[PDB]
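Listed next as C-alpha cells is one chain, alone, in the form solved without the partner chain.
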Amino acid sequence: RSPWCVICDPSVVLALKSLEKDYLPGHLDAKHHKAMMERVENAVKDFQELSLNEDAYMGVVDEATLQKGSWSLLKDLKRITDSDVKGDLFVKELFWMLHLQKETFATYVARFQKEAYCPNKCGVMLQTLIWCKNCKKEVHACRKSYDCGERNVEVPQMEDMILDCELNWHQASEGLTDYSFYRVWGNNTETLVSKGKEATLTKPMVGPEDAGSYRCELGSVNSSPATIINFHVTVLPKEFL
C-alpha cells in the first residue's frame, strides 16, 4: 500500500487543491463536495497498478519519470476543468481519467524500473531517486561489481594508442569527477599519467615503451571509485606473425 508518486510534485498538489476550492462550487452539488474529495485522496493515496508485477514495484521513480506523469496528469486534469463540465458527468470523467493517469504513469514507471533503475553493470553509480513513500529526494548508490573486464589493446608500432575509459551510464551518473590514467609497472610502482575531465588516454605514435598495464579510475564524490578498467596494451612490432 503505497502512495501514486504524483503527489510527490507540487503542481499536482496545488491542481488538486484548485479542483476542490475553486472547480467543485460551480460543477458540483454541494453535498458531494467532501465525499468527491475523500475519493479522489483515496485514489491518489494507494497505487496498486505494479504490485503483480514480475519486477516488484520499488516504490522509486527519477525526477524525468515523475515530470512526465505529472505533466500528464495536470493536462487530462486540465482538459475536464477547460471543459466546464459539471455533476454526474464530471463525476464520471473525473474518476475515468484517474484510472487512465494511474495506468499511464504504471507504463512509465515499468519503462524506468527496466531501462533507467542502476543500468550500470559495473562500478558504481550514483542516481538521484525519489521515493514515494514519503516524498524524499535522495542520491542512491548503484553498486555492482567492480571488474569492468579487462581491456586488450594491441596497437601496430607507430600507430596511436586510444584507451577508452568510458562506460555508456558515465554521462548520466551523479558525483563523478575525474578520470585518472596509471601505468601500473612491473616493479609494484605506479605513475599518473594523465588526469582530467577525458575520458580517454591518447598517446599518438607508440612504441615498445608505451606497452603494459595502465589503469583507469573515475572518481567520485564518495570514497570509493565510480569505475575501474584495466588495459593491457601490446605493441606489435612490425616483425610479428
Contents of the next structure:
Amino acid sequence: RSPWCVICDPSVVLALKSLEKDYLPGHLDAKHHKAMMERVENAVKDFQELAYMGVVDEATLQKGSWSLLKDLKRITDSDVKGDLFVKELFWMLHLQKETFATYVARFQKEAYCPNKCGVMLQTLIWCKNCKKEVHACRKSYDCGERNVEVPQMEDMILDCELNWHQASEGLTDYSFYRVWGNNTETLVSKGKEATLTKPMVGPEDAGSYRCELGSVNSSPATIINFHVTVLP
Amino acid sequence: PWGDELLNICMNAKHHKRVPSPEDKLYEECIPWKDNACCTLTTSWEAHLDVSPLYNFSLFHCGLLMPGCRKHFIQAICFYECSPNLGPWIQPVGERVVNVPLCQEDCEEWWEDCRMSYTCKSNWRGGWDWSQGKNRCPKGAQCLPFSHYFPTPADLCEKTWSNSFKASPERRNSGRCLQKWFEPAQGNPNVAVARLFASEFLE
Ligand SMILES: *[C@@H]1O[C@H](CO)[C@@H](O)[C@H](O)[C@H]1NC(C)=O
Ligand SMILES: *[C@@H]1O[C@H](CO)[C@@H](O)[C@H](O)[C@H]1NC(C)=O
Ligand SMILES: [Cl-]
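Condition change, the form solved without the partner chain to the form solved in complex with the partner chain:
What follows is the whole complex; the chain from before opens it.
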C-alpha cells in the first residue's frame, strides 16, 4: 500500500482541496460529498499500477502532476454534475495513474542513477512521505584506465569529464596527480577544470596520471587513471 | 590476566582480513578505521553497494531507504568488517560475533534516523522469501514504518544483525560500550573498551 506520488506536488493537493470546497457544492448532493472525497483520498493514497523503488525525481513528479491538473481542470471547466461527474472523475484518475506509471518506469530505467561508473549524488522525492533528499548512486570504485599516446611537441589533453557530472550534485574539484614508479604522487592541478592540458610534450611527460573528482562527501565521485605514451 | 590473545585481531569470516593493519584508503563511512583495519578497500567499497555482495541481503526490500537510515546500516557494516577491537565477543558459528555492546547513543540515533524508512519484518535473521537470489518480503508481510516493527532502539540494534549487537544502557565514553562509528579526528574510542573486556576484570 503506497501513495500515488503526485500528491507530493503542492499544486495537486491544493487542486484537490479546491475541488472539495469550490466544485462539489455546485455539482453534487451535499449528502455525497464526504463519501466522494474519502473515495478520492483512497484513490490517491493507494497506487496499484506498480520493481518500484518508491522514489521519483522532480521532473517526473512535475510531468505527472501537470498532466493530472490539466485533465482535472478539463473536467471542472466542463461544468459536469452528479453521476456523470463522479464517474468521469474516477475514470480519469485511473487513466492518469496508468500514464504516471509509465513516467515512473521510464524514470527508473533512464534517469535514476544514470552514471555507469563511480558515484553520483542525485536528489529524489520519496513517495511514501513526500520527503525530498539526496541519494548516492554507487556504480563502481573506478571509472577505468585511459591509454593515451601523444605526438612529441604537441599538446596533451587529459579529459576527466563524464556524461553525468553536469547533473550530479555535491561535486567540488577535479584533482590531477602524477603517479611515480617509486610508489609516491604529486598534485599538479586542482580546480573546476575537467581537463588537464600539458602543452608541447617531451618524453619526460610520459607515465601515469590520476584524476579525482571531489565530493562534498568524504570520498571522490570519479577516479580515472591515464597511462601516457609519447611518440618520439 | 589481560586478554591480549583477544586484542587487535580479526574474526575468521569470509571477507575479513586474517590480521589487522593500516590501509592507505578506505571508502566513505569506513574511513575511521584507516589506522588499523580488518577490511580491505574493496570490502569498504562493497559495504556501500545496493545489495552488497558481502551478504546478498537487500535493504531496499520495502523500497529505497532514506539516506540517513542507509548511512547507519552502512556504518554497522563498516564496523563489523573493519573493527580490530571485537576479540572479546568473537565466537564460532569459522567465526562470528555475539552481543557486542553498542552505546546507547549509537542505537538511539540509528533508531531515530530510520523511523521514516520502511520494512516488513521485525526479525531479519531469517524467514524471508529468497527466490530471486536476494531476499524479498514474504506473502502477507506489510511494509510499515520501522517504529512499527522495531518499537525500541534495542529491537533495531539486536534483531537486524541477529544478536551480533546488544543495546547497552551505557553511554559513550563510559569505557564500557562501543561506538559503531566515530569521527577520525577524535581517535578510536573502542580500543580501551576492548582492553577492559579482554581483562579478567570485566565479562
Ligand atoms: C620519486 O619519483 C620521482 C620520479 O621517478 C622522482 O622524481 C622523485 O624524486 C621521487 N620522490 C621522492 C619524494 O622521493
Ligand atoms: C552473492 O550472489 C552472487 C551472484 O549471484 C554469487 O555468485 C555469490 O556467490 C554471492 N556472494 C557471496 C559473497 O556469497
Ligand atoms: Cl573499532
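In this text, the rigid core denotes the largest set of C-alpha atoms whose superposition between the two forms falls within 1.5 Å. Residue numbers count along the first chain shown, from 1.
Comparing the forms between these two forms on their rigid core, the Cα displacement of residue 42 stays under 2 Å.
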